[PDB]
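> Now for the letters of each chain:
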Amino acid sequence: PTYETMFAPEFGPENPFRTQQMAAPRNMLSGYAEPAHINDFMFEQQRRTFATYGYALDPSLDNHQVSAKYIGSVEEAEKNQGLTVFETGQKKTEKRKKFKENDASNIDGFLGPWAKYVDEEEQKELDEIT
Amino acid sequence: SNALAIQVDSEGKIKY
Amino acid sequence: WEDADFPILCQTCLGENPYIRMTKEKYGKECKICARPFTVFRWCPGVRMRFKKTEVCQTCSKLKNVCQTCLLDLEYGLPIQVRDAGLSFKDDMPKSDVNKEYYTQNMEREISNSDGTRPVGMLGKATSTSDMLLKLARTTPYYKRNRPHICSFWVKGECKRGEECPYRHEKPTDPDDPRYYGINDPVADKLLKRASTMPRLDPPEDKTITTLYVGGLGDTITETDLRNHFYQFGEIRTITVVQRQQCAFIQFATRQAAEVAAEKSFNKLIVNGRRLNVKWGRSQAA
Amino acid sequence: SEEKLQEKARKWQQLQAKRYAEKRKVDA
Amino acid sequence: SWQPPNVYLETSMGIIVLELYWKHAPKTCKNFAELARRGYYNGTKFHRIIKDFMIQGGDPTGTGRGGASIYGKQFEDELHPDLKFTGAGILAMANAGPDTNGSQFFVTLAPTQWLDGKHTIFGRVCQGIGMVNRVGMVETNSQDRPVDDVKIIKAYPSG
Ligand SMILES: [Zn+2]
Ligand SMILES: [Zn+2]
Ligand SMILES: [Zn+2]
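Protein chains in written order, with the deposited numbering: chain E, 83 to 202, 211 to 220; chain C, 83 to 98; chain P, 15 to 192, 201 to 308; chain A, 26 to 50, 54 to 56; chain V, 8 to 166.
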């Protein structure tokens with residue numbers, strides 16, 4: 083196999099008779115679906131990074147042929163300067179103090195991890219809808 | 083179209 | 015009766031995460047049209063969102079080029095009869111239980127085993143598109159599709175879960191405006215929305231505006247392009263291509279054909295890849 | 026460039042302490 | 008450099024006489040004159056065939072990559088502000104992008120004005136417009152490839 087064979091472009095006016103979606107490559111009726119063998123842990127880490135903080139690195143192979151950015155909402159990534167969820171962060175801010183009873187001696191007073199937190211007109215419309 | 087697609091080979095007779 | 019490998023799934027149903035984890039059964043639920051046992055898939059789109067499993071089989075999605083769970087067009091993100099009226103052909107399918115129903119689904123599956131790539135009959139008329147549907151193809155979709163549906167016991171004010179009620183609260187739904203072809207309730211409002219856009223007012227005279235200030239020629243429109251786009255309309259009385267402003271001046275004899283040009287070009291005549299510039303001419307000896 | 030010259034070491038020898046840590050080569 | 012405009016191309020469908028336009032682009036005409044003189048196409052098959060848009064060929068492989076010129080592997084596009092892609096039967100140079108031309112070619116089937124500022128309008132068929140309409144009805148896949156051989160028997164740059 084040679085690079086010049088597969089990298090050779092296609093002659094033509096690109097056939098703009100079709101729509102954008104039907105001219106686009108596929109194997110499955112919705113996009114070219116193909117297997118993969120990513121590391122489990124870094125998949126889960128950057129997944130949880132996006133799921134919490136709304137940014138992650140982008141997965142690709144041949145989008146621009148160079149892709150090294152972040153995605154989602156961009157500016158909050160550099161607000162935290164690219165930290166993760168498994169890191170003891172630079173500050174301990176907006177924490178929320180629970181009250182603990184971990185003796186197992188008092189009864190109806192022991193709340194271990196089950197501790198409920200220290201924090202603890212529409213019905214006219216609801217009756218007229220029902 | 084409503085009708086089919088008509089095919090004859092490049093050299094010979096009408097293909098059915 | 016049916017296995018699968020990966021679902022159809024338009025983009026608004028996947029959610030905002032490029033990294034989603036999704037689970038599959040082997041014969042899951044049934045299709046909600048044809049009772050066929052597909053392979054139900056489930057995932058989490060987003061962190062404030064319900065799971066939105068999988069609603070119809072791969073066969074009943076390949077019939078009408080429809081996504082897998084929200085039942086919208088895979089090319090646009092539109093309902094079904096919007097597409098079929100906007101392509102003026104229905105691609106019929108029966109209504110009853112057997113009467114030609116599972117018969118035609120079975121046979122159209124049997125003649126879809128080869129490709130697995132494109133819809134069965136829509137492939138020929140999904141090319142001649144992008145004129146009447148592209149004006150309403152809402153990209154950057156709203157994710158209110160994925161939000162979890164409204165709980166009871168907030169409706170009755172009883173919900174002991176407090177904050178951790180996963181579903182929703184304080185969204186009372188309204189009982190005035192909420201299958202597969204027709205008829206669907208918000209679609210009538212959406213076709214009234216497309217039939218009743220915001221044009222320029224039609225001025226009180228008798229069709230004197232046969233001239234029009236169409237411009238933005240740049241280097242895209244040429245003289246023979248616009249006068250052969252108007253020659254199918256009909257005959258000119260005077261053309262000019264005034265290139266100081268990159269504009270073109272055409273009229274019609276007895277206005278009517280150029281009338282549909284006024285209907286074709288309210289920032290709408292899209293040839294040569296440009297949103298053309300249109301405002302109203304004189305027709306006033308000015 | 027300034028503290029990233031050791032913050033990248035923090036992230037790397039943070040991540041690699043879980044990349045291969047828990048004997049990936054709990055079951056019963 | 009000659010300009011009798013007729014081209015006695017011999018194809019599998021039939022002999023077609025093609026009017027070259029030495030008026031408007033003599034460079035591409037001279038390059039194809041030199042190549043069809045050297046017989047680049049005596050036994051080449053048409054590769055991308057679309058109904059009502061274009062018939063493309065000139066690929067010796069048939070795979071949408073082959074082509075070689077005298078001015079390097081690629082040479083220059085030329086234009087004219089009165090020849091526009093307007094009509095059927097309009098022969099042109101098959102192309103990837105500007106400042107580049109392979110040896111392949113194509114004809115069109117409709118007024119296709121949005122491509123006039125891109126490609127070299129290279130010729131037009133005079134005898135055999137029903138021939139190119141008949142060739143335009145070969146069945147092709149979504150990859151636009153033919154069924155059986157539709158191959159150029161013999162080329163002649165007549166003139
Ligand atoms: Zn089904
Ligand atoms: Zn959907
Ligand atoms: Zn609730």
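Just to be clear, a hint being listed does not mean it is correct.
What the hints assert, rightly or not - Pairs of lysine to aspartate or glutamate residues, derived as DMTMM-like cross-links and limited to a Cα-Cα distance of at most 20 Å, are as follows: (1) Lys80(V) to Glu92(E); (2) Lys158(P) to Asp188(P); (3) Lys43(A) to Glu96(E); (4) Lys174(P) to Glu126(E); (5) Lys139(P) to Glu146(V); (6) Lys125(V) to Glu96(E); (7) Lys161(E) to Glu183(E); (8) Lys29(A) to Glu157(E); (9) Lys301(P) to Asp190(P); (10) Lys180(E) to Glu202(E); (11) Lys95(C) to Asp84(V).
Hints listed in this document are in silico derivations from the structure and should not be mistaken for laboratory results.
> Decide, hint by hint, whether the structure agrees.
Cross-check of the supplied hints:
A C-alpha spacing of about 15 Å is found between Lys80(V) and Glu92(E), which places the hinted pair at or below 20 Å, so the restraint holds. Between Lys158(P) and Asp188(P) the alpha-carbon distance is near 16 Å, which keeps this suggested pair within the 20 Å criterion. Note on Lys43(A) and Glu96(E): the hinted pairing is violated, with a Cα-Cα distance of about 48 Å set against a maximum of 20 Å. In summary, the hint linking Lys174(P) to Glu126(E) is not supported, as the alpha carbons are separated by about 34 Å, beyond the 20 Å threshold.
For the hint linking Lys139(P) to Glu146(V), the alpha-carbon distance of about 17 Å falls within 20 Å, and the restraint holds. For the proposed pair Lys125(V) and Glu96(E), the alpha carbon gap of about 12 Å is at most 20 Å, so the pair holds. At most 20 Å may separate the alpha-carbon atoms for a hinted pair to count; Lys161(E) and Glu183(E) exceed this at roughly 37 Å. Taking the CA atoms of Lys29(A) and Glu157(E), the gap is near 18 Å; set against the 20 Å cutoff, the hint holds.
For the hint pairing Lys301(P) with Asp190(P), the CA-to-CA distance comes to about 40 Å; that exceeds 20 Å, so the pair is violated. Between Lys180(E) and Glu202(E) the alpha-carbon distance is near 11 Å, which keeps this suggested pair within the 20 Å criterion. Taken as a hint, the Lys95(C) and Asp84(V) pair is broken in the structure, with Cα atoms around 40 Å apart against an allowance of 20 Å.
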